[PDB]
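S.K.: Assemble the whole structure, with the sequences as input and the hints as a guide.
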Amino acid sequence: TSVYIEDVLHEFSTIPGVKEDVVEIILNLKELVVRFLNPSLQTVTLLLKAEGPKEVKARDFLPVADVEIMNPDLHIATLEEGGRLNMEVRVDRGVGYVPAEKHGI
Amino acid sequence: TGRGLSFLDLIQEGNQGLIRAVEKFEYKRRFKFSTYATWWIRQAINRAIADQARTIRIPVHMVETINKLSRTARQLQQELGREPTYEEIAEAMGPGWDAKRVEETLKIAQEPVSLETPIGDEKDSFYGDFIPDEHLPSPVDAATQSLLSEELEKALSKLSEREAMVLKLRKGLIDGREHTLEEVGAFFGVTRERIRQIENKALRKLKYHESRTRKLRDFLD
Amino acid sequence: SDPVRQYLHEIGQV
Amino acid sequence: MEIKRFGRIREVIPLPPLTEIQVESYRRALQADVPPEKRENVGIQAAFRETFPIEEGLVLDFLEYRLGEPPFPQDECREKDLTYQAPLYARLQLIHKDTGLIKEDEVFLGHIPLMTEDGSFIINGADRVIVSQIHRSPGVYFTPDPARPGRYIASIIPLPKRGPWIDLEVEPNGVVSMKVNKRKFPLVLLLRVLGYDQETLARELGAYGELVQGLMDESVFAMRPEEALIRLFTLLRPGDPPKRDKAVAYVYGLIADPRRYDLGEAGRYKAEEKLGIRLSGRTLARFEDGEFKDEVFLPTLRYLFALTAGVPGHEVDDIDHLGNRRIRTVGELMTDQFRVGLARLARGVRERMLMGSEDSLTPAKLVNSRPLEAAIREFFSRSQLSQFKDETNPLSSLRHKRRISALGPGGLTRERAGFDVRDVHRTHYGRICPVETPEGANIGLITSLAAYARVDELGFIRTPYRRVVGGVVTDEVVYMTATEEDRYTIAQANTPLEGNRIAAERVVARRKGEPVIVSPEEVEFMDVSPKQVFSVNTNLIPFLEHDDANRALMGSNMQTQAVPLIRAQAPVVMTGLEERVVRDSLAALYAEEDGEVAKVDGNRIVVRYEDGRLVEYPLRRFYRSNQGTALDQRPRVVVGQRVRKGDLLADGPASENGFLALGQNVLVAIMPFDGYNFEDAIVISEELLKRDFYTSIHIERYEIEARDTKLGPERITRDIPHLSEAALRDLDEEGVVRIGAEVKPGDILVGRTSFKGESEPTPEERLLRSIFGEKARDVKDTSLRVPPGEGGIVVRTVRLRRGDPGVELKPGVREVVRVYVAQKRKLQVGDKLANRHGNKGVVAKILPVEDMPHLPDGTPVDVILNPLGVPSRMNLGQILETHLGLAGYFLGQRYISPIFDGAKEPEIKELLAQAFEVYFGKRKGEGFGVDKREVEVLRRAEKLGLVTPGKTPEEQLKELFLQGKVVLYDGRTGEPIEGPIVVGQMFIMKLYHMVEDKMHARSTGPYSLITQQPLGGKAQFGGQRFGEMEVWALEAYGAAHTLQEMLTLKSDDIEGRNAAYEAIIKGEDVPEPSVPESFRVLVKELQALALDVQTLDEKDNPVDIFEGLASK
Amino acid sequence: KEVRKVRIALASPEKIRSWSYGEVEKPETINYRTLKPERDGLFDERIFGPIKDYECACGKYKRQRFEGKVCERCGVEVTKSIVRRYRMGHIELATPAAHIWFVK
Amino acid sequence: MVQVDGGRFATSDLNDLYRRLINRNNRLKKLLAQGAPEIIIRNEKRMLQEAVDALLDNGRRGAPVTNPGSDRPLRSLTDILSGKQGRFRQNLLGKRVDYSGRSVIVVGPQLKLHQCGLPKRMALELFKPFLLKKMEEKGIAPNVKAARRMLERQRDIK
DNA sequence: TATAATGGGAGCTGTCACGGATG
DNA sequence: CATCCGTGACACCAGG
Ligand SMILES: [Mg+2]
Ligand SMILES: [Mg+2]
Ligand SMILES: [Zn+2]
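So the protein sequences, as listed, match chains A, B, C, D, E and F. If you read the first sequence in the UniProt record's numbering, its first letter stands for residue 54, the second for the next number, and so on. If you read the second sequence in the UniProt record's numbering, its first letter stands for residue 203, the second for the next number, and so on. If you read the third sequence in the UniProt record's numbering, its first letter stands for residue 78, the second for the next number, and so on. Under the UniProt record's numbering, residues 1 to 56, 63 to 1118 are what the fourth sequence spells out, in order. If you read the fifth sequence in the UniProt record's numbering, its first letter stands for residue 3, the second for the next number, and so on. If you read the sixth sequence in the UniProt record's numbering, its first letter stands for residue 527, the second for the next number, and so on.
Mixed in with the good hints there might be a few duds.
Said to hold, decoys possible - If you want a taste of the chain F side facing chain B, the calculated C-beta under 8 Å gives, among others:
id	residue
1	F535
2	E570
3	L582
To be verified - Here are the computed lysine-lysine pairs in the PhoX-like style, where the Cα-Cα straight-line distance is at most 20 Å:
id	chain 1	residue 1	chain 2	residue 2
4	D	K762	E	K38
5	B	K309	D	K816
6	D	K1024	F	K646
7	B	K417	F	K659
8	F	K659	F	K684
9	F	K556	E	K28
Just so you know, these hints were derived from the structure itself, not from any lab. Where is the CB? At the ideal position from N, CA and C, for every residue including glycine.
M.R.: This is how it looks when you write it as structure tokens:
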């Protein structure tokens, strides 16, 4: 439901060393399946930190207790030499389809 | 031609110069008439161009200065391969000319544009059609002024007749202008100190009523 | 028809 | 995925460079890469040679010119609102005839705009496109006289604004008349002035019956050339003193002056070819050895007499023939304006040359470049053909560059063009597209250049054909004009060949456009491809052979309006042209040489070529187009990838892996839906929004200026009066909104304060000040706020100031600020979709996925198109596109079906059979039989005669699938649609007409100066126009009071509108209106015409509508 | 009184001078420095009316109390500025000129 | 003679036609004050008559008067009244009006024959004074001015 | 203020009907 | 009592 990236002010940005623009990065993150094990859990803030030449996938998210990533092969970004990606994504519990213009989280 | 006046206007101004040359000629000098006439003819044509070719009339000395500025900029571009900046023109103009003076001279010589200037390829739009009228008040402005006067009367009725009338006379809501303490005091028959004291207490009661009801704050923007 | 033509004609008389 | 290609025609030649009509023409006009001594007498070089030398005394001759380098690059010009231009110097020399003194200098003549790589300009920061102009080719024509059948008019036409039209006619009295500048006079006079004696005319024209006697006038032969010359000068100049050196001058300037009169090189050629003569220059006569020598008049009169008599080999001319209509490309138009500016410069030169120093005159002191500069600046900024570039998508720009207008300077005035100019002439085959043209007033007047078509050096449009000798089709390709094409029997590009030989006893061909069945022995040429008949946009319409031309027109024109989507897809069914359109439009970024990709970034791609060099390609990222659509490039390679020459490196806007991607491949069902797709409306699925289909990025530019005032400076500040911290939250320290903020209507983008006027406080103001004890501030809030119904995310802020390096604004302006607001627009109710076959429709309803019709395996459809749109429109192509799109949905492949030579029904049905196997054997293996609802739908289909009675469920379902139809379940009930429904993949675009830009409303707002009526237009917060016909509606209804409201209280009754607003906000009923201000304006404007208009009462006593305010 | 008819007729020179509030003697529009209307020009406040409500040009009278007063220093009446839409001027010709409507 | 936002001036053609008239008239009065011969006074009177012609109906007789550096005829008093753009047809028999808007149409099959679907953001502005009054009737705002200020910004609307 | 100077210069290319002028 | 000629008029909204 929300994404922060360091040195990124808005969605219409690029990151040096990263092939994907922020629009494509958010489109990729839209496919992230996140299972909560605890019933009374509502929000999780996944932290991703990566650098160097690598194809950052969904596994690279730092693990949180009682949280599993169901599609760990999901591509996130294609970083090259010197490209750094530092993200904080937020996953919430919810029902139905809620566009960004209605929740603004 | 081309300098702002019709061919026939130029001809008539030259004819006026020719009349002057006739009345100023001296045949003893053995010069033919054309030599002395051409001077006054050129003079009259140039004076006419300077005096008439601008919708916003500019004095003849200022027209001379603006033409000098144009010619200086033209020579500077002919030597620079580009249009000069304000500073280069100020350089080439001599002492007393800075960049700000060049900018002010160019601004002061801007000719107006036609309100009937075409907009678009179809013949149904004028440049004037997009200029909003700023003078006449809007419906919102008039309604807000009316509600302001009504709320001011509502706030002045909470005073006594004398203090409300004192404020109305001191601010101009009665006869336009603002009266002095001596005039209001001689009109109510008290001392100017007394009229000032009752004006003060009227303002104080108005401040109290306004702090209580807040019925006049939104009009202050 | 053409006022310039007319004036240049009147001028050619004197 | 696999891309199966249909079609049997072999494309011998590829499409030429599609923007060559622009780039090549401007190159030829400039000759910038040609050393001066090698330049041809064409373009601006020819303009220079025409103007110079300048005589009278002194002489100023022209040596050469040169074009320097642009002072700023193209992007910097786009940002600083500059013009992409090159400096223009000309080396001139001054010569005194007597003194012999020769002074030489290189004079600077201003700048000339340069054409960018893709064939467009940059005029004051805005990309522009000079549109080619079609017009009547110069030359000598012979047309039938409309009044008199047996008589004919001979017309002599030079280039536009390069000489007068001349008419030759056989009058009812027998004499041959000539019309010049609207003056009919006997041609015999001019013939005598040319030196023609009765001997020569009698031996030249006597053979044609008694016509030559109409040319026999004794009072003309009685006088020698000089007397007849002065006679004609008197007949052409009433009043002007017929001096000898005046008559010679006028006649030379009218008939033999190459610097005043000029046929084109095309007019020269056509005169030579038509009259069977040879010309020396580009005029109708010459001044040789002191006397006038004829060039064209005698041959023209000879041909006219031969046409009137009936001599064989003389026919009238079809002036709509594309052999008599030619194109004026960018180079010719710009050159004409250059020539005009040069003539004005020469007038000024002579002016300064008559009264100067006569010795202290250099070329610099004689040349004022301004008249030239203006003449160019006027052409690129205020010409009918200097159009604001349409760069909605790359195809829009390419199409704009390939346009052909009959309008423009020297062109047709609209409302005056008949059917002939607008008709599809037979000679348009292969040259001008017969489909792509606007619907409306401009129909047939704006056209598009065909795909294979080329404009030759003379200006005529040429089309290619293969040579055919003895039934063998060579690979020699000949580009013909229409006049040349009319000589041959040309076969159709689909005639069957056994590899190089015509393999049909009877072949279809054209003879002067006429269709004819001939034998291979008669075939002289053959078409190159069907593609050569249509434009580029029309060529992108698959199954074009199945669409009526009226909807093909719409499908063609609407691709121009497709918005680049963030997830754009190439069509499942392509025509085989989607790649050249991306490549020629400079949309994508390709590899210059073979090599290895070193670095891949979101902003740049560095490649190491076989030469060892490290070339960096920057990527244009999120740039704003002329129409606000986002033009961004995205890298399609990765580090370490080997690439060859011409391989894709970055996809541009509306490009998917180098294919033209103007829309989305959606899954459509063709069925009614509860009236929500009534009358072309479309129903879409919310899933399209969930996966961001039809989502586009749009950027808007906002601009503000702080200037010096008579009342104090405007300053861009955060210190805006009477505003809270909530109002200044996202404003930085200098007052400009911060990059990244979310701005909504009402939010401030740039803070600005302006000093107020005198503002004499009314007594209410003074008393309010005293009650609240706060001084009235000296400045007021004039900040730039977000307009109603706009907003988004700030992505850029630009600030230029006076006193900053490299910056200089227009006089008075202290500073300029620009703010760029980007928004991500999802598809919403009211946005316009369309396919390539002319099926357009506005999205009327977005249902949730569970309400959408779905396939038996649970797959919901994406779009629901109404079948009633097909039959009346006759655009069955979209139907076929759907059927094939169905197969490719389950086979996982796209297709290439070229126009007129592509996928036929049996091959589509083969693919559909394979798809049905993929679609149904899967289910039969997963452990499920045929469903009960499927059985009921099969019963209904058996009733409909769609499936054979007796077969198994699988057999009948396969038969339906081969017909392109499937069983469909109503998502609201689970019951099936009673019949099988057409379902398949269709390519659908989101056009530029989005309701987000069009919804507008107004209670009250700004009014006009003179009329005191509401302004017009959304941008001005204006009111809708209640025109004459709306008034007629209200009158016909009898709504007297509603109409009076429209005429008084709502528009220009000042007292009335003020009182009405006050009454409404007070809960009171509106007052009776008073006189509208525009009637007072009418009365005063009539008084200004010396007309007394008097409002009277029933006693005929004057009534004062001005309330005494204008009576002394 | 209610408007019931609208008559239109030719206007005499005397009628036109009856309309006029002052002859426009100069071709000037506004001063190039002060941006205020020139004297005897096409925008003169002395002829056509005040630019600001109840305020003369020079500024000696600036309230509604003065109404109909003509300033002695500048010659501008104190009325509503709206009258600049209603008050005709005139130009006295040195030689009569034909109304082209009644000629062509 | 109005000052546009940019601080520059825009003006009507009637001013230039009147200036032509006044210049020629004054030059005629001066040429008569002095003893100008017949040819000159005749030329002046002809030019004065054609000036009046250009003012009243430009282009009606002879070449139409234009401004310097332009082929566009100046807009005279006859042009102001006549045509699709004249006073009658453009401003008197039909006007631009307040309390009006426009937008894209879309089928609503659920509507009853006497109904249409009007967007909220349109109806707010179209009915804005009514909305201010009703907002004051309820507790939504103290007065009309406060309600208008509350509707000014989109984020302030509840 | 003085040698003599003495008549311009573009124009650029509907379609019909109607009422008035001329011939 | 004809022909010739000068002068009218030539859809609406939208954006421009
Ligand atoms: Mg200096
Ligand atoms: Mg319009
Ligand atoms: Zn005064």
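S.K.: All hints are to be evaluated individually against the structure, with a verdict given for each.
M.R.: Hints, one by one, checked against the model:
1. Annotation: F535 (chain F) was flagged as interfacial toward chain B, and the flag holds, the nearest CB pair being 4 Å apart, inside 8 Å.
2. Interface restraint check: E570 (chain F) against chain B, minimum CB-CB distance 6 Å, threshold 8 Å, status holds.
3. Hint status for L582 (chain F): violated, given a least beta-carbon distance of 16 Å to chain B, over 8 Å.
4. Proximity of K762 (chain D) to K38 (chain E) is assessed by CA-CA distance (about 17 Å); at most 20 Å being required, the pair is judged to hold.
5. With a CA separation close to 9 Å, the supplied pair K309 (chain B) and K816 (chain D) stays within the 20 Å bound.
6. Straight-line distance between C-alpha atoms of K1024 (chain D) and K646 (chain F) comes to about 18 Å, which keeps the hinted pair within the 20 Å bound.
7. A distance of roughly 16 Å separates the Cα atoms of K417 (chain B) and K659 (chain F); the hinted pair therefore holds under the 20 Å criterion.
8. Between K659 (chain F) and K684 (chain F), the direct Cα distance comes to roughly 16 Å. Compliance with the 20 Å bound is thereby established for this hinted pair.
9. Distance hint between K556 (chain F) and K28 (chain E) is fulfilled; the C-alpha atoms sit about 13 Å from each other, no more than 20 Å.
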